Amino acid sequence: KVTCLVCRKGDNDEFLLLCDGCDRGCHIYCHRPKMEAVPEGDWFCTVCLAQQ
C-alpha cells in the first residue's frame, strides 16, 4: 500500500511515484525539486539512490 515518504499519506494515488527499487513512494507534489507530472522510465527514492 504505497505511501508518500514526505507527507506519509497514501491519498491521491494517481500522483504517487513508486520507487523502482523498493516499496517506497512520493507524491509528485511533495517532491523537491518540483515535479509537474509522474515521469516515465525509472524513479528511485533517496534510499535506493544511497545504495548505488
Second form
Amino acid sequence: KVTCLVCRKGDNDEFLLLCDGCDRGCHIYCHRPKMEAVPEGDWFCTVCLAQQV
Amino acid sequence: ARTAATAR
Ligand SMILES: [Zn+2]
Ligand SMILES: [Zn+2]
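Can you now output the form solved in complex with the partner chain? The one shown was the form deposited without the partner chain.
Then the entire complex follows, led off by the chain already shown.
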C-alpha cells in the first residue's frame, strides 16, 4: 500500500524506493536531487531525517 | 535499500 511522497501515486513499484525508518516511499524519478538508481545502502525519507540527532 | 516491487 506504499505511495510516493512527492507525486502521491503507487505505480511503477520497481522504481518506488522504500524508507528504512518508516512505511513511506518515493519514486527515484521524483527525487530531487537526481537519483538514477535504487541505492544499495539504507535510505531515509525526510520525515525520518527530521527525527535524527 | 529496497523497492515496493522487491519487497512484494
Ligand atoms: Zn512519485
Ligand atoms: Zn521514513
